[PDB]
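Construct the complete structure from the given sequences, taking the supplied hints into account.
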Amino acid sequence: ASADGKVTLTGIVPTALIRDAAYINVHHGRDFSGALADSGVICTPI
Amino acid sequence: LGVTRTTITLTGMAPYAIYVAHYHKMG
Amino acid sequence: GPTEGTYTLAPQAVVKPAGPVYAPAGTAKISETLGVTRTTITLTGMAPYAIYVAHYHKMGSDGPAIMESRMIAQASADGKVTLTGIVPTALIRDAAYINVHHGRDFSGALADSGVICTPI
Amino acid sequence: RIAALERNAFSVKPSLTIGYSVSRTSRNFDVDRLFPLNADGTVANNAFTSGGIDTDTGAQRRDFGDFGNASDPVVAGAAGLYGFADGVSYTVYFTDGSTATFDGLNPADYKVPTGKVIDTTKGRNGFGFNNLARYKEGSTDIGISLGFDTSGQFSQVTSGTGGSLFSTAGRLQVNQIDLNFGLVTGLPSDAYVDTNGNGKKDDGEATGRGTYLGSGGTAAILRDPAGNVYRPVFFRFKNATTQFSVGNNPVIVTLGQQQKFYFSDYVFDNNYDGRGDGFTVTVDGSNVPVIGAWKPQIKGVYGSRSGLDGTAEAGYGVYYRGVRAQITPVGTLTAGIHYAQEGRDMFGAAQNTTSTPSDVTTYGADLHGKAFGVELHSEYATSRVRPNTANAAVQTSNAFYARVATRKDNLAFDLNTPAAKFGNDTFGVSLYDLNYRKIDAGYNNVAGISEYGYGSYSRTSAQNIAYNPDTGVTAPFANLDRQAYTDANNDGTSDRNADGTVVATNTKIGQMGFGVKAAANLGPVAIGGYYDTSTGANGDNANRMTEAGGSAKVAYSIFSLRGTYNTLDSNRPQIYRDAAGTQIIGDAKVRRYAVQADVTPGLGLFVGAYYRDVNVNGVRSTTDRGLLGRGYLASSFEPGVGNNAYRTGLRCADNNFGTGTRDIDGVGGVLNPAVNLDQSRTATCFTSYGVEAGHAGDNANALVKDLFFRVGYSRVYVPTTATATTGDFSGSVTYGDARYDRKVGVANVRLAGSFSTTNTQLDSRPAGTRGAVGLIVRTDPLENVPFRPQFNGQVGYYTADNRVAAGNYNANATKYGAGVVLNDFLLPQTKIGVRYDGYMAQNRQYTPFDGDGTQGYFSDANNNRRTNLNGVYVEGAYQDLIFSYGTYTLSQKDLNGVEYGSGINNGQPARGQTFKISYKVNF
Amino acid sequence: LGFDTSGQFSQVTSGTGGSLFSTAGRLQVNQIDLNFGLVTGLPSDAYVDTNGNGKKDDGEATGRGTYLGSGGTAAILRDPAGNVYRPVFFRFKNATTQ
Amino acid sequence: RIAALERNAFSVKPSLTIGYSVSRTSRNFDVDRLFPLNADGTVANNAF
Amino acid sequence: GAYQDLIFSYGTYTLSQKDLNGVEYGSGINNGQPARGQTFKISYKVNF
Amino acid sequence: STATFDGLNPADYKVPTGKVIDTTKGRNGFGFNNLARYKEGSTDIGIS
Ligand SMILES: CCCCCCCCCCCCCCCNC(=O)[C@H](CO[C@H]1O[C@@H](CO)[C@@H](O)[C@@H](O)[C@@H]1NC(=O)CC)OP(=O)(O)OC[C@H](COC(=O)CCCCCCCCC)OC(=O)CCCCCCC
Ligand SMILES: CCCCCCCCCCCCCCCCCC(=O)N[C@@H]1[C@H](OC[C@H](OP(=O)(O)OC[C@H](COC(C)=O)OC(C)=O)C(=O)NCCCCC)O[C@@H](CO)[C@@H](O)[C@H]1O
Ligand SMILES: CC1C(O)C[C@@H](O)C(C)(C)[C@@H]1CC[C@@H](C)CCC[C@H](C)CCCC[C@H](C)CCC[C@H](C)CCC[C@H](C)CCCC(C)(C)O
Ligand SMILES: [Cu+2]
Ligand SMILES: [Cu+2]
Ligand SMILES: [Cu+2]
Ligand SMILES: [Fe+3]
Ligand SMILES: [Fe+3]
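Residue numbers (our numbering), protein chains in the order written: chain R, 1 to 46; chain X, 1 to 27; chain C, 1 to 120; chain D, 1 to 923; chain Z, 1 to 98; chain V, 1 to 48; chain S, 1 to 48; chain F, 1 to 48.
Source of the hints: derived by calculation from the structure; they are not laboratory data. It cannot be assumed that every hint is accurate.
[To be verified] Taking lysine-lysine and the DSSO-like style, the derived pairs with C-alpha atoms no more than 27 Å apart in a straight line are: (1) 920(D) / 29(C); (2) 13(V) / 6(R); (3) 111(D) / 122(D).
Okay, structure coming up:
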């Protein structure tokens, strides 16, 4: 998250896998190896 | 064509934290 | 045809944690042989990554600690510390409770004063 | 912030080794041949082994000595104690001051003085003597090392903007790399400075430890009077990634070195090594609107052979290109075409040397798949090679085949699965193979631009098949070659090798033919047949090899009766032994017919009677010379009801004996838990008849649970003298085997036994009686008696009366070994253990590994010598400090009793003693 | 420039061993006296001990002469831009032998 | 404490360069004299 | 040409210097052929 | 010893050193430096 909270997330995913996804949830992490610390800091439908 | 690039730009977050974001299905 | 949708995200309201629940619990196996004592304190549900100094506090609770029994270790990623120590029996004579504490440094130090204690 | 700190932080890993070692020997023999063999065949671990297990060269722990700091390999023959110890190895001095080493027990037989060297009388009489004694002076060694590992989080790369006429966006593709790097303090013993770029250590390149003094070893140590030790720090890394891919859905472009690609067999079978450096593009049209259900695909390859390489190399100034296109119009039938080309540029046409063609241009099409209940596999190719030189005279060569058969996933054709199935079980005519072949004579791996292949894989096994698993030559049919006597230097007599084998000159003839294998499944009956004729590409009958055959089985209840007829008519030369036993090259005719009946009562037992009759070149041919294996369609049946499978291969090892004469342990395999002697067959088709009962313990409802025996009797045909037409079934073989594991109480017993009363020399086994027995006991720790003892045990006896044309000698062996481990000894965490092993042998020997895949083995030799290997090994342990002590003695006497061991000829055995203190410590 | 370590590597724990059996392991903790770090350059008295005696014989190596640019003024591994390069060595001294 | 750790910590910077190149000439002339000149007088960038 | 970030560069150039007669002194081995130059590159910039 | 003459006519090599004499080793004591340069096609991965 930079130094003032300027986190910029990006990523490619085949549309076929995406199907039935309803909301892109943003969580905090415990390390750069994925993992889940907080369960939903910010989120939007689609 | 068949891939999806997604740019979630967040601001006013925590100074040096990790922000893992993915797509949660309907449930 | 670059189908593009721009959506502002809402700041949420439910931010409950996700990981090891700090619920201290465990057992002790003090085993005497030929004048030496080997103590194994396997703990679970502890802090995910923390040094856990444990020694034998004498009776007196407050009481002094026979510091020639300090067992030091750090926890894993779920909170599992395995303290192990070799102490002469004559030293641990007149000890009352094995008190586990928190370690400010791998050199020892008692950050906390007893997160868990077992009567010996 | 802590994660950011950890991402690019060093993990400091220090290592300390502490240990005391002393070892004194006088001959440096081997002791790993005394230790028990585990159920997986490995020998039991000990503290004295030198190691040396190499799978590439077949080396094992039993091929090297175990005393001193030397790992001297055992030497076969008399120089070594007949494969039991180290060689004598005199040293020969020369006039010019140079010296050589003679490996023999008698220096007078040094028949190899070089052209100008003369033996100077500097030693005894110009011959020295290399001392056979090895010493490890007792010392305690501390070894300290340090390394710096990285977090391992640098496994990704993201592309950056580029271009000159324009500018790409950047950050468009993420590539996963396989870079493993860290910091080391000291160099490995095998490091070197590669000054040529070949990537291999040439003649004394640098010995990197010698380039950077103080890196490692004891020759140089960078020190300080204060006691500090300095070691250079190096950045070590491996890059396993050489390919980078770009693009996701329709188009993917891969750039890298040694690109591996595959258009088809016969064109670009260029995988398993790759061809060179360049790029490949793959376009997948499986989502196109109009035509996407046919899964159209396009592949394109460009590259430079071997990348950049110095002149005189085949890949200098040579570049390849290609494009293939395929679809799947029906269920699984994939059809494709492909163009391939390889050529020299203006810098390769000149100053390249070698013989790479000035140009090769191959076209092809293939139709592999399974569409309508049948499986089709077709292939066509055209070469058009431009043969460099000046006139060139471009040469064309095609390769076409059309097969109705089942190909496996590894692209090998499975001829046991029908792929036709024109009916059900009651009426089940099944087509197994139906193929045609028109491979041309000039079609090799150069014609179709591939790495290897397109030639008979065996020339003794199925020789019409080019499929080579070793070099990845996936090609059903091979370019056959014609063989003939060489007669290189001498005239009038054909050239032979030292062993007597013939030397042949091979001329490629190509291949053209057809073949059908089918089977009709009746009810209680089943029948099958096969036919196959292959000529040369031109079609001349001087190279024809026809195999035809057929079998019929009737199985009902607990009875089965089979009858098989096999033929082989090869005008093609073929290399094989004649009746006398000398290899020859010449046409062959083989006629075999076998009627074998089997009965299975169902209680785990089985009985089998057979009568097999071979007929080679018109004579009764006691044993076929492997000729019947020249064809790839053999297809015998198998006993049992409801087992109507027409599997390729004549099961000649059925209901017959074994002819093994080699063994890992001293005794004839009866003491090896990884060898089942009751399941040992000869795999040679004989003209014989006999019966064989038995019993299997794995089959349920068996008399004894884990019990196997294979008692059997047989009679073998032998001609009158050596080559007479007349003969009789005079040979006789009576064999028996047994194996019973059991577990009585806490102990784990294991009994094995073998017997044989052959009358003639069958394959390599001489004519004589041969018996062997072995017992292995392994008790688990006893928790009732004090000390928690844990016993072992091992006994093995072997006898053999070899009646060879040069003697009637007896070769017997006796191995034994016992040992008890006390798991609770006085003080806490204190252990003691002792093991005594012994091995006595009459005229037997050990043959070490040959440096190839073949391993060493114990065999019978007429050496009038008796070996008496013995030893005791005591291993005690305090908390974690291990004291290992071992004393062993090897004495090899002759009939007189001269005691040749310790070959300084003083009548003393070779002796070895070792003492170690081991202590493993971790930071 | 020097790189010191935390000095927390002063202990070793034994590991399981044995061939006829297998010891438990982690049974004894030994205190060692290893002092190590990273140096950039060699001292004046360093030398290459090619015999094992542990002493500087007649002109053994003059370790600053083996690794040019380690120290002194006789040799300096330079760069036209003005950068100076010095080899990095792992220095260590082990006072524990029992 | 994190600042103290970061003060004397190494930043590990790895670099990877991947590229394919082939070039054949008989005289080795110059082609940069053909490319357009920018408003600052520099010649246009090219890959050759 | 450029796919996502992989750049394919190809270039073919010819330099011929004749005289009034037309001797074509380029490629000065004196065989009446111009100097020629061809290059092919695949470029890919990656970052850690 | 050898020298390099920079000219289209070796006969104008008016600078033979004090004691050197042209040995008829090449055509007539003068060779010819090849004017052709080659970069054999390869893919390079560099790691740092
Ligand atoms: C998006 C990028 C757009 C294209 C960029 C501009 C390039 C095209 C312009 C014409 C440029 C290409 C014109 C074709 C020259 N010919 C070649 O093929 C030569 C082959 O070498 C040698 O081979 C021998 C037998 O094989 C003989 O013929 C020799 O005589 C020859 N050597 C010589 O003496 C030198 C002539 O390769 P080269 O050394 O010149 O290498 C480079 C070539 C050409 O480069 C490309 O253009 C490939 C681009 C593919 C991207 C595919 C990826 C698509 C991504 C969506 O690359 C090849 O391999 C392809 C072969 C030609 C087919 C071109 C059509 C796709
Ligand atoms: C998805 C897309 C992937 C892209 C990557 C794949 C690229 C595919 C490229 C396909 C191009 C068409 C091929 C035509 C086949 C003609 C059939 C064919 O190969 N002919 C054979 C061969 O030919 C020689 C060749 O011909 P060629 O026309 O191939 O080369 C011209 C040109 C190359 O340009 C440059 C860089 O100089 O390449 C093209 C087409 O652009 C040539 O003139 N080179 C001179 C030198 C001679 C030695 C090679 O001559 C004989 C043997 O000496 C004989 O054996 C012929 O049968
Ligand atoms: C167009 C376009 C766009 O602009 C916007 C948007 O639509 C897109 C980005 C998707 C796009 C890109 C589309 C892109 C994906 C391209 C389409 C994909 C296909 C795949 C390309 C190749 C098609 C050709 C086909 C494969 C050839 C078929 C011929 C067979 C091979 C013949 C075999 C016969 C054999 C010889 C018989 C056997 C004989 C013997 C004797 C051997 O037995
Ligand atoms: Cu050995
Ligand atoms: Cu090359
Ligand atoms: Cu292959
Ligand atoms: Fe080399
Ligand atoms: Fe010295």
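Hint-by-hint comparison with the structure:
Our distance criterion of 27 Å between C-alpha atoms is met by residue 920(D) and residue 29(C), whose separation comes to about 26 Å. Distance restraint check for residue 13(V) and residue 6(R): the Cα-Cα separation of roughly 23 Å lies within the 27 Å cut-off, and the hinted pair is therefore satisfied. At roughly 19 Å between alpha-carbon atoms, residue 111(D) and residue 122(D) fall within 27 Å of each other, so this suggested pair holds.
Of the hints listed earlier, there is not a single one the structure fails to meet.
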